[PDB]
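Coming up is one lone chain in structure tokens, specifically the form deposited without the partner chain.
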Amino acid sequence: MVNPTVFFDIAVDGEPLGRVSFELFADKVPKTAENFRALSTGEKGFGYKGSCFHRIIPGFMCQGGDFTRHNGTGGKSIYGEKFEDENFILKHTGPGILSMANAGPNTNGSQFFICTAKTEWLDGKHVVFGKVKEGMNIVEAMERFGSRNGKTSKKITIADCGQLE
């Protein structure tokens, strides 16, 4: 019934920062929401714990989820290396939207991004599947460690993650 909620405990060069929680829209995009949920608990034997936000651009997005190559070239889903664009019902409306990164049509894996601005040009190209629930302040603090080209000035990690309730 109820959309699941997941959390990320963020650290900055190993130092705890705070918690970000997300609502996952399992009601509209169940296959995409289930992938992010399972990667957040680690219940398939792999996932987001210990991974980093490798590309942060202030006024745009924070991108993470590459737990196999640590730099934007890797990751895998719970369904195999890649899976299809499930639907484009939800749009990139503003800060806090959670959406899938990709390298072309039907190439979703584990990488994702949190919007820090409206990114409407991505509508119909990236699958939106959730939003920040609590901790947008923590996202804003992360965002300050980014740069124009995306390289971070300190290492931004998911020290822990899982499901709430």
Given for the second form:
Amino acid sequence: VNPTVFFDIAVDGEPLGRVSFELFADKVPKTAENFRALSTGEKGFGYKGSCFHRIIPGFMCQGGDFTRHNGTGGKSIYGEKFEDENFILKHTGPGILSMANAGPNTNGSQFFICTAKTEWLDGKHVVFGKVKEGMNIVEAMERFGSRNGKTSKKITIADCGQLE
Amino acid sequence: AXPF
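The form solved in complex with the partner chain is what I need now, so please give it after the form deposited without the partner chain.
In what comes next, the whole complex appears, and the chain from above leads the way.
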């Protein structure tokens, strides 16, 4: 029942592989549906073609700004922003998928994949999924980041959709 | 916010 979407990653044009996530629609239905819908492109816009604008080794990989591509844009399938659904799920380890935000109740389209356990973010960022397969591709992406997050190469979401 |  919980959806499974995927992202085919490409660094400067060459495929790196497919990463798939399980979205916990059973605990954060509104947040999960936002991500599912952005992955299939059914509302007319979404992640296909977007890039990871902030990558920080040993922390996380951030993307989802399909409008400004700099972490200033993005929008949800509800409006530019939506409230923090709940904080039931915590940042337990690598692979956790969570919402990036500009403070409370500012969820849009930006997300981040954790490569470490980021407990200091619990209760501030809504966790809504986890990497199902492909964790090694995410670690490989870290090699293109920097202490501050600026990327070394153009890491994009070549394609995406729903598997289940 | 962020994280940065």
